[PDB]
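Chemist: Next come the chains, spelled out residue by residue.
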Amino acid sequence: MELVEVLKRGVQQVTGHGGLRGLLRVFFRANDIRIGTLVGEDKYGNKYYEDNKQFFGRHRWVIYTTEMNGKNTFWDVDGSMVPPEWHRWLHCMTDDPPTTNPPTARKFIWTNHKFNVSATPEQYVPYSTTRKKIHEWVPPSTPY
Amino acid sequence: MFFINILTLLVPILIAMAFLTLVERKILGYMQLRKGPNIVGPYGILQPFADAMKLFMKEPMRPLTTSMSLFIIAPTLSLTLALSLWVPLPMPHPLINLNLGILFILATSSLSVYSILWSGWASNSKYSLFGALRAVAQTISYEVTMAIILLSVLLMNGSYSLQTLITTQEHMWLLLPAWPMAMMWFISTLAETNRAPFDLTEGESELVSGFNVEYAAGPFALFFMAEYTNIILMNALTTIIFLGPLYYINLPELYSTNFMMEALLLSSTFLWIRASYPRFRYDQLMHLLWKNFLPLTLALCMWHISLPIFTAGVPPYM
Amino acid sequence: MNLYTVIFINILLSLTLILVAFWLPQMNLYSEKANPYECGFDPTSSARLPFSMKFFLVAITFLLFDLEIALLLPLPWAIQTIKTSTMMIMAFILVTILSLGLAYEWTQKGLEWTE
Amino acid sequence: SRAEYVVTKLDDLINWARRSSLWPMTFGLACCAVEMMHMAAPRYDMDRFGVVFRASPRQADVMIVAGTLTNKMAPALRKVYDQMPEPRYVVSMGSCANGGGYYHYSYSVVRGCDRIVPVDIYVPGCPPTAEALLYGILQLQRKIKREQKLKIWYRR
Amino acid sequence: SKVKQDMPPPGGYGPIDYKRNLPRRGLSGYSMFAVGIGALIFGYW
Amino acid sequence: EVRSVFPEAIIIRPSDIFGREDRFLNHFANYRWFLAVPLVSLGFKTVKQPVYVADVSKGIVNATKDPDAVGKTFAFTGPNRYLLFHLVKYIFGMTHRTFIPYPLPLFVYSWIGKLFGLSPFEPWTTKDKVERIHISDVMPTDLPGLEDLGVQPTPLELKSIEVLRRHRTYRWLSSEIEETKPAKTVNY
Amino acid sequence: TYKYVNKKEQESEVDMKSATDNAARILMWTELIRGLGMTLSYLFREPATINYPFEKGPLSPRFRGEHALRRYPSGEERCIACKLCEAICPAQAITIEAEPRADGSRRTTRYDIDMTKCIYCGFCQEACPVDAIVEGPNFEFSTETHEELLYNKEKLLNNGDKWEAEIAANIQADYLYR
Ligand SMILES: CCCCCCCCCCCCCCCCCC(=O)OC[C@H](COP(=O)(O)OCCN)OC(=O)CCCCCCCCCCCCCCCCC
Ligand code: SF4
Ligand code: SF4
Ligand code: SF4
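Residue numbers (this note's numbering), protein chains in the order written: chain A, 1 to 144; chain B, 1 to 318; chain C, 1 to 115; chain D, 1 to 156; chain E, 1 to 45; chain F, 1 to 188; chain G, 1 to 178.
It should be emphasised that the hints constitute simulated quantities derived from the structure, not laboratory data.
Among the clues, some could well be false.
[As the list claims (entries may be wrong)] BS3-like mimics (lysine-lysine), calculated; alpha carbons at most 27 Å apart, straight line:
hint	chain 1	residue 1	chain 2	residue 2
1	A	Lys-114	D	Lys-145
2	F	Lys-65	A	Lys-132
3	D	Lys-143	G	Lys-162
4	D	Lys-9	D	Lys-145
5	F	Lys-72	F	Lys-114
6	B	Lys-291	C	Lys-54
7	G	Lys-8	A	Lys-132
8	A	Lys-107	A	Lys-43
9	D	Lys-72	A	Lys-71
10	E	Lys-19	G	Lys-162
11	A	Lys-47	G	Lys-162
12	A	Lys-133	G	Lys-83
13	G	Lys-8	A	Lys-71
14	A	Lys-8	A	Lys-53
15	A	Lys-71	D	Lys-151
16	F	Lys-65	F	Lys-184
17	G	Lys-153	A	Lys-133
18	E	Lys-19	G	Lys-7
19	B	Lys-291	C	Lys-109
20	F	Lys-45	F	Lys-181
21	D	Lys-9	A	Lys-71
22	D	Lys-143	A	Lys-71
23	A	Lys-71	D	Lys-149
24	A	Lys-43	A	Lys-71
25	D	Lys-9	D	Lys-143
26	F	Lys-114	D	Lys-151
Just chain A, same shape as in the assembly:
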């Protein structure tokens, strides 16, 4: 019957993350067991699953890394870690991922994305990019 089909779907959700280890690693870390098609992995380890039968806010989702640039992100998960290759796809600006439609490569684009830095070092301290405008007189090193 119908109850049986939905319970079968629940069993598929329960048994589709490796084993109990991976099931818990996903459930206590994202609060969702939902299965989707692996669209493509990142160079850091993010997964970027997909399932189009869901409604238009849950048909794309990330499963973040456990270590991005030496931060131990098993729990301290944040949204800045999605590089721009996948920002466009995750926020549904396109239906074209970087596996099929990659971006134009340029010699100045960062190879290693950076998570948000606001409390650590490696953050942004502001300053004036200009120079001394008025130059003061340097007196002699001799008397008279």
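Given chain A, work out where chains B, C, D, E, F and G with the ligands should sit, using these hints.
Modeler: Frame of chain A; chains B, C, D, E, F and G with the ligands shown alone:
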């Protein structure tokens, strides 16, 4: 061993209050097209503990304009009465078998009013005083109907004991002879506990946390858990008096489980009612409960006086 | 001793919980948080002033109706008597008289609030 | 095992509690309060994270300065911040409150709520998307996660 | 090539509903009082 | 040792400072939780010349700009030398609670301070605190002070209510500065 | 035209049937069970919430968030110190100071944006005649200090070197509309 029985009667009720919090939030959520807590635990089963620890680690407030004695002794009274009301509850065999159980209930609740009513005075603020006076009006509205409804209901029982209703409902619920009495008792239990649509004491958009605006920490936690314990209590009383579960002298655990089911349904109904309707105005409440419920309550008291007699259905004394 | 025991235990629970609430945390006391709330700005006056209530008559008649509750409440014991007719008529008289008084208050507009 | 380890774990526990149950205040002055509402709306439900509004400041653990702060409303904001009981946090929302915003050079505007209340996190925008304010809230959670209060108590 | 401007499709969009639609339901009132009074008399017996 | 290492230094020597979140006036006012206040020799044979925080702060903030004060010590004392009994009486009048003084030796009060200082948290009292409370303040007129640095010292009577209204109850919180029969000054 | 919202046509039709119907609207809370059933219906719907850091709300190529200064494919700096982005910026968030680069090129020695004054309006990116400054996609740069939101040339060039893979594509989508 009585102390172990006190444990079994006390700590699960506190767990159940703490998880009624979660059930409230999640049912209001799903009635609001959203999901409640699912972050802190697997499905939010630790959010009550997080809330409690956060409250008991926040610094309290002893303001300067207040009366510290009432300020501190009122939450004590609130929790103590909310937790003492659960004591003579037959589920089916009670801890404290009293021959005047419902009188103890009524007196304990009418004293539970005084927690709110002294806290609001000791908190020397305008909003607290608004809330205390609103509670005065609320009690003046509902207590008359509570007493007379319960009188006319137990007029087919024969006693004020609560163990006797389990025998009065051996073959049938008291909901069928008295559904109107059950209706008005339900709304009375709703005005009691200061629950919606009759909140009228913590009236967020009228009284910004009335009778609690100066309470921050574990004191506020005490008021909160007292409310969420009296809710389960009143649902338990509804299902003991009206929705009588099955006794089966060999098996009392069947009574306990059916009582659990019915009280869960009635508490979920309380949350449903909160999510559905807006607040009354606290003069509309008095007018309603003096001009619609009290005449009908008196008339049905008359009817349930006549009814034992012209039916020859007078109940027994013990 | 059982009911006394239970109530003492609940009293102890509450007092221990309040001790915890007051002596566990860290405090930074000063007059700008110990002064009364009143929604951002300070009070123009005190809260310990006359608060004109407008259901005082309904409060008095609630007191009278509580006395009537007291008179009605012995019925679960009265009904087991042998007569069953004096009590029937007296309960009818009591309830009808109470309801007549309520109707008089209603018509003379005591249940209404002093606008 | 060791006293310092026990203290670190107790710190983790209390930080987890204060981090998972933070109760912001119904304090929304201008447009940014609408995005605050939309973060209370079903798509980005705050209550999922244990974040529920309490209209009283004394039942509040954080304030979100969502709107422009005038010279006439600053005393009230400061009275409310004082009335909040410690531990207490502030979150400045929008360019009007972080700095002056679109009214920095005007006569009745304080050029930053940070002139009046201390600020833990600044959420930029005009308005910020509710996802952005949610990022700010979770950043405040990350911040509470590393308090090390009982540690310094042990090391005093 | 010719222009492209996101116009409505040819033949207009479908018929949108805007009027109030609160459908009557329930019983006839007679029946509700009858069921209540029947349960009441049965419980009395 | 600071002179021995870093000369061309400034060494400020304030008296016991009072302020909103001090540990001097609040410390004497928190003696209401005990129903009587102990004082060595009933407060007499002890003299206190307290100073306000704003004065010391302005003094430091000017000394960091004064071309003088490079090898100078200072005595940030403030005016109106006070006798301890009268000072605590003024505290317990401005904080309108009550006043039950009584004598106490120094050895038992030292033991009290010790067992109070048996605390992992911030203690209420200590042996060194009692000792520092019950020795008089030096007549500071051998040294410059504030007015040699650009601050006119503030009397206690003008700023104490800001500190002490926190401790009042209702029935007295709405009371002014001019209803406390001020403390009796001494010179000695 | 118009139409009434709370005006009956008129009165004076009553029968025992209609009176019983209104009396069972009363005395049974008929019109309240409807709201109860409504809220119950909502209990059994898929909620619209999303696991935010993992699954995120939909945005568009036109979306304007963080700011960034761009380059040509040669890596050449694209701004030219024309200083109309500061002329029009209605919050006066942009200060610019320029010089010849010692290659003889028109370039800025300064480009600051107080991001606590920017109203995120996009006038600068639609006024820049070279598409140098844009308003990128990012909305997740909340900070613990005010000073971090006071940008300079280096932070903007870093935002450009970061988000060019996304900026270029969103521009690719969005031109022909501007
Ligand atoms: C055999 C012959 C003799 C038989 C004798 C018996 C005769 C039949 C007796 C029928 C009487 C039934 C009792 C009904 C009580 C309600 C009375 C009433 O009229 O409603 C009161 C109030 C009126 O509101 P208003 O629109 O202003 O109308 C008044 C106009 N002057 O309207 C309201 O009450 C609204 C306020 C309450 C809203 C609270 C929300 C409740 C939601 C429904 C909960 C349902 C669940 C109940 C479960 C309880 C089970 C224990
Ligand atoms: S920053 Fe913008 S959106 Fe926010 S309050 Fe100011 S004008 Fe409104
Ligand atoms: S988006 Fe508008 S307010 Fe922001 S920098 Fe550009 S022109 Fe100025
Ligand atoms: S960013 Fe663009 S508009 Fe602004 S000065 Fe440079 S070239 Fe001109």
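Chemist: Each of the hints needs a verdict: does it hold here or not?
Modeler: Each hint, compared with the structure:
1. Of the pairs offered as hints, the one joining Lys-114 (chain A) and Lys-145 (chain D) holds, with about 21 Å between alpha carbons and a cut-off of 27 Å not exceeded.
2. The straight-line distance between the Cα atoms of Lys-65 (chain F) and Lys-132 (chain A) is roughly 26 Å, inside the 27 Å bound, and the hint therefore holds.
3. Among the hinted pairs, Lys-143 (chain D) with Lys-162 (chain G) is consistent with the structure: their alpha-carbon atoms are about 25 Å apart, no more than 27 Å.
4. Proximity of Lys-9 (chain D) to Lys-145 (chain D) is assessed by CA-CA distance (about 11 Å); at most 27 Å being required, the pair is judged to hold.
5. For the hint linking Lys-72 (chain F) to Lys-114 (chain F), the alpha-carbon distance of about 36 Å lies beyond 27 Å, and the restraint is violated.
6. In summary, the hint linking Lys-291 (chain B) to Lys-54 (chain C) is supported, as the alpha carbons are separated by about 17 Å, within the 27 Å threshold.
7. Between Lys-8 (chain G) and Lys-132 (chain A), the direct Cα distance comes to roughly 81 Å. Violation of the 27 Å bound is thereby established for this hinted pair.
8. Between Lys-107 (chain A) and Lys-43 (chain A), the direct Cα distance comes to roughly 18 Å. Compliance with the 27 Å bound is thereby established for this hinted pair.
9. Taken as a hint, the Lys-72 (chain D) and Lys-71 (chain A) pair is broken in the structure, with Cα atoms around 44 Å apart against an allowance of 27 Å.
10. Proposed proximity of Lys-19 (chain E) and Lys-162 (chain G) is contradicted: the alpha carbons are some 51 Å apart, above 27 Å.
11. Between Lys-47 (chain A) and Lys-162 (chain G), the direct Cα distance comes to roughly 21 Å. Compliance with the 27 Å bound is thereby established for this hinted pair.
12. This hinted pair checks out: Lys-133 (chain A) and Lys-83 (chain G) have alpha carbons roughly 20 Å apart, not beyond 27 Å.
13. Between the alpha carbons of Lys-8 (chain G) and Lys-71 (chain A) the distance comes to roughly 69 Å, so the proposed pair goes past 27 Å and is violated.
14. At most 27 Å may separate the alpha-carbon atoms for a hinted pair to count; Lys-8 (chain A) and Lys-53 (chain A) meet this at roughly 17 Å.
15. Simply put, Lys-71 (chain A) and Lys-151 (chain D) have alpha-carbon atoms about 22 Å apart, close enough for the 27 Å limit, and the pair holds.
16. Proximity of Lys-65 (chain F) to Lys-184 (chain F) is assessed by CA-CA distance (about 37 Å); at most 27 Å being required, the pair is judged violated.
17. Restraint check for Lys-153 (chain G) and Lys-133 (chain A): the C-alpha separation of about 19 Å stays at or below 27 Å, so the hint holds.
18. For the suggested pair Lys-19 (chain E) and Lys-7 (chain G), the alpha carbons sit about 17 Å apart, so the restraint of at most 27 Å is met.
19. Annotation: proposed proximity of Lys-291 (chain B) to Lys-109 (chain C) holds, straight-line Cα distance about 12 Å (limit 27 Å).
20. Of the pairs offered as hints, the one joining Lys-45 (chain F) and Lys-181 (chain F) holds, with about 22 Å between alpha carbons and a cut-off of 27 Å not exceeded.
21. The suggested pairing of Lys-9 (chain D) with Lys-71 (chain A) holds, with an alpha-carbon distance near 19 Å, which does not exceed 27 Å.
22. In summary, the hint linking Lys-143 (chain D) to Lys-71 (chain A) is supported, as the alpha carbons are separated by about 14 Å, within the 27 Å threshold.
23. Restraint check for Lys-71 (chain A) and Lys-149 (chain D): the C-alpha separation of about 22 Å stays at or below 27 Å, so the hint holds.
24. Of the supplied pair hints, the one linking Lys-43 (chain A) and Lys-71 (chain A) holds, its CA atoms being roughly 16 Å apart against a limit of 27 Å.
25. At roughly 16 Å between alpha-carbon atoms, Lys-9 (chain D) and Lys-143 (chain D) fall within 27 Å of each other, so this suggested pair holds.
26. Among the hinted pairs, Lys-114 (chain F) with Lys-151 (chain D) is consistent with the structure: their alpha-carbon atoms are about 25 Å apart, no more than 27 Å.
Checked against the numbered hints given earlier, the structure breaks hints 5, 7, 9, 10, 13, 16 and satisfies all the rest.
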